[PDB]
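What follows is one chain in structure tokens, specifically the form deposited in one PDB entry.
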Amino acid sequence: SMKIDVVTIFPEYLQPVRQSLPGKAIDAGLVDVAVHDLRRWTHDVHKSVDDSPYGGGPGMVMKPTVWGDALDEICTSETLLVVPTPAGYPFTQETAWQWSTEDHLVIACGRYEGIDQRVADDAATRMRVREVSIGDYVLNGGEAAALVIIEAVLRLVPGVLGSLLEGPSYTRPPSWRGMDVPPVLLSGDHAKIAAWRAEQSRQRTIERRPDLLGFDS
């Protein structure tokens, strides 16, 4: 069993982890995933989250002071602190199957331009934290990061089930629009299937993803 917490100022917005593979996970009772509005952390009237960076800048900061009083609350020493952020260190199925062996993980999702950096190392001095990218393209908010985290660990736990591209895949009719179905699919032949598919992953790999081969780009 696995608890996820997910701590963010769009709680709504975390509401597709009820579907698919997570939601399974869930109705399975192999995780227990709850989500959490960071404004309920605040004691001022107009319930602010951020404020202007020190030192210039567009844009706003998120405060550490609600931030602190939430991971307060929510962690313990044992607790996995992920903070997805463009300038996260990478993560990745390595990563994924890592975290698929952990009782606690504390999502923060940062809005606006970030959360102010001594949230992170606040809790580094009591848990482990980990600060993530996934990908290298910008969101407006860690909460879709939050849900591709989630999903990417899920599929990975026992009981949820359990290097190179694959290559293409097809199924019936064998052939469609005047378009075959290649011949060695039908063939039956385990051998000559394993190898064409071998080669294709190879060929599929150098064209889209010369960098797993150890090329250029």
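Whichever C-alpha set is largest while still superposing within 1.5 Å between the two forms counts as the rigid core. Positions refer to the first chain, counted from 1. What changes on going to the form deposited in another entry:
- No residue in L186, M179, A28, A191 other than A28 shows a CA shift of 2 angstroms or more between the two forms after fitting the rigid core.
- In this overlay on the rigid core, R18 has a C-alpha that sits 2 Å or more away from its partner position between the two forms.
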Second form
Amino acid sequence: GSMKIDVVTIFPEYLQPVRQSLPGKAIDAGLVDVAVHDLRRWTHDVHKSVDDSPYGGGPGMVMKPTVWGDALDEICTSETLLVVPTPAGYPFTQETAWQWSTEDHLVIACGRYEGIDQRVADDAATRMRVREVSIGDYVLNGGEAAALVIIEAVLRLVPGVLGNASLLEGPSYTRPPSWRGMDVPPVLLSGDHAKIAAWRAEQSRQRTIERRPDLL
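Now the other one: the form deposited in another entry, given that the block above is the form deposited in one PDB entry.
If you are looking for partners or other molecules, they are not here, because only the chain is given.
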């Protein structure tokens, strides 16, 4: 219904595309508010440091717990659902999106480098609900693109926000009826709607077997 989303990142301009995709009517009706915060506002030093070397050695850098702790202390409450994107997370799915779509307050903590010192999420989980999640079986450079995916999948399930209204879906067609020597399947122009439904069901079955045998 009415949702606030706060995103914390060292690249706040990355999140401009979705602030723009929000219909004015939804904002004016008080249905949604998305705010983006530069993590460097909570740094301690003149060099605005957000990362440091990993304990135990190895390549890369780790984001600092003292900076992230201060940021989340200010932005979160006991009622916040804290979302931490990570390729080592639980899978984010359509079920997850439906569940989160009724939340009052999401906070998304975007990592870079090797990620965030684990004590940040572990400390937060002693006083709010925390969810570490992966958006797929690949490695991104940062959490910003993951935040864009999560925000879009969730907000399209909130009535009236983004301006929109198993087996895989089969192919779709529209005008013109013939194009570059390819005709639309004649069954779709037949006016036999029980037959059309059966044809679509079989197309779905075939596509699922070919592309996603795991779903069977």
